[PDB]
Every structure is written in C-alpha cells, then in structure tokens.
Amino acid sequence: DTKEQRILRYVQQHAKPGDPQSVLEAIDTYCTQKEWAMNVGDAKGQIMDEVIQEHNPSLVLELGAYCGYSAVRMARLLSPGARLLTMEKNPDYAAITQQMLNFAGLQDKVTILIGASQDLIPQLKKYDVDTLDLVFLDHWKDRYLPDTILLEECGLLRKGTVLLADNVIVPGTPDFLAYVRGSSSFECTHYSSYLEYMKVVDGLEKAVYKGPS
C-alpha cells in the first residue's frame, strides 16, 4: 500500500465517521508518528483556518491534493452554498481525497477535478466559476507561479481574491514568492510556523490580488 492508502486506512480504523475534527486529528497523529509530516494542524491548519474565516469565501479552488487533509480542513469551514473545487492530476491522490471527504461527511461541499492544471484551469468557467474568492496552493510549489499566471489569463481573479500557498520555506524555481511580492498586483503576507523550537517547519504566503487591468 502507498502512504496515502495507509493514511486513509488509519482514518477508517480510528476516526469517528462524519466528524471532520476527528478525521483531521487522525491524519495528523498518524503522520506525526510516522514522521511523514509533523503536527500539520499546528504548522499550517491554524493559518488556513485564520485566513479562510477572515474572508468567508463562497468559492475556493484547491490546486493540488495528496491525502485530503487540506480539503477536509477547508471544507469543514464553508457555509451553505459555498463550495470547494479540488484540482489534482494524480488519480490515486484524488481517489484518497474523495474517500477522506466521504468519511468526514463533507462530500457535498467539494467537487474533485482530476487532470492537469494547464488543461483544467481554462475550463473552470464550465463549472460556473466566474471569479474565485480564495485559492489554496498545496504542496507542489513549483506549480504555484504557472498556475497563478493561468488564473490571471483566464480571468478567474477579482480584486480581493486571496491566494494562500503552503510549503514556501526555501526559494524555488519558478519563484512564486518573488513573483507575488515584486508585482504591484499582489499584497503579501508570509507566515512561518516554528512549532516549539527555532527552525521553520512550514511556511505559507498569502497574496491578495488587487484586480485586473
């Protein structure tokens, strides 16, 4: 079994069905115990919650998924009529994410789009998306800049659209942080989670779009 299959199995065996908090705790406990991801609730979940709750988005796009932790984290916060679209190229990751949301009872809050972002971002209009309220960029940081460019080109960002990117601790290429910070179109905040010691464990960037030209 893959790691993502083993995470789902642990949830199925230990978490309370229909209880998103229980599912999140189970994923976090298991991954921390295996040393695959340390204390994600503390390192990024609390920041995700802060940003989403300050903005109350009606339409969230998640770019990237692995085991569904982030999707459950966000979907549990959405109001009636609000929804999450989760886009992921790897069908195995998308399948685990679907089953994780099902177990949490959050499946009606989410649509899972299985495909490459280059192919699917230009088709988000077919999902009745005019503009997005919040975009969560998950794990695969080298995709963040080209995905942001595609969102701009497809007219999916409005004045006030929030981008929140995970796993931006060290410089990479393409350099998403340099792009949003350097551009006058984005207002930016960086978050560094240290847990209880002095080394960064996770880093996130919030970039708020100022609107199209």
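Positions refer to the first chain, counted from 1. Only the largest set of C-alpha atoms that superpose within 1.5 Å between the two forms is called the rigid core. Compared with the form deposited in another entry:
Lining up the core between the two forms shows that one residue from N39, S58, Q46, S185 moves its Cα 2 Å or more, and that residue is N39. When the rigid core is held fixed, the Cα atom of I7 travels less than 2 angstroms between the two forms. Relative to the superposed core, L24 shifts its CA atom by less than 2 Å between the two forms. A movement of the C-alpha atom of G155 falling short of 2 angstroms is seen between the two forms when the two forms are aligned on their rigid core.
Can you give me the structure for the form deposited in another entry, which would complement the form deposited in one PDB entry we have just seen?
Next comes a single chain, given without company.
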C-alpha cells in the first residue's frame, strides 16, 4: 500500500466521477490534510490554467505524470479533438495516472507513454507527432536543459511553441533558465508562486578512504 494508491483510493471514495474539477479538489484536499505529495498544487495550477487558456494548444506534452494531477488539470481545459501526451518512466505511477484519468473521464484526451523522456522524445515523430504546441516540464530537474535541446534537435518545436517549466527556483534549474533566457530562440516570462511546504528526496553519501590504488 503506497502513498500514491492511498491518493487514488481517496479520489475514488470522495470525488464525483466524470468531474475533473472534483478530482483536483479531492487530491488537493488529501495532500493538504493527510499526506503531502509532489503534485503541482492549486496555486500553481491556476497559473497553468491561464497558460493553457492563453495559448490554446491542440497537442500538449507533459514530462512527469506521477499521479496525474497536472494531466487532469490541463486535459480538462482542452478543446474537442485536442490531445495530451504525458511521459512517465515509473510504470506504477503510469498505472495510477491512468486510473485517475478514467475516474475523471479524460482517458479519451490523454495518452500515457511509459518510459524516460530522453528515450521517448526521439521517438515522438514515430508516434505520429509533427510539432508540439505546449510542453510542461515537471520531471527530474537535471533533464530540463537536455530535454529542451533534444526537442529542438528532433524538430518537435515550432515557432510559437510554449515551454512551461515547474520548480525552476525550488529546488531550482539554473542551467535551464540560463539557457532559455540567454538564448534568442526563447522569449521567457517568470511566474512566481508561493509554497507552504515541499519535500524532495535527498541523501548523504559516506565514503571511507581505503588507501591509494
């Protein structure tokens, strides 16, 4: 029994099926009252809502699904015929995200691609993608810069394609920011958002010296 399964169970018990906004409320409620989880949250979610509405994407790519909160958030605003692709390297998370999408009624608009972004992005052309309208970066932070460049190299960006990256301050993605800001090929805007709490996995390494080689 994992934290992600508990989140899913809570949504299924409490949210109104077929109601994406109800699902978002349930996840937000559970993760502010019972167990914190790394969803993007409602405050950031409102920023994402405005970006989607302002830029009117038909094909969205999400890097990092986890439990599907941001996938539900974005997919519920898409016009008929529009589609969301979300890449998730953790197959347990992908399985949870699918259940979340089913309960929200959005499975017709979202396709989960299981795998690492650095492996799946060079295949997107094979997946019948020409270019993307909007990309949401919310996976491992050391992938922001390489994946952005990878999207360029693979010809998946068009003039006007929007990149929206989360957590560029906390924990921070300074190399990615230096690239897109400094580069004339990217016009950048920053949106601040206050966080009450965030927990990320970290660790220490102990290394005992055993003598030269």
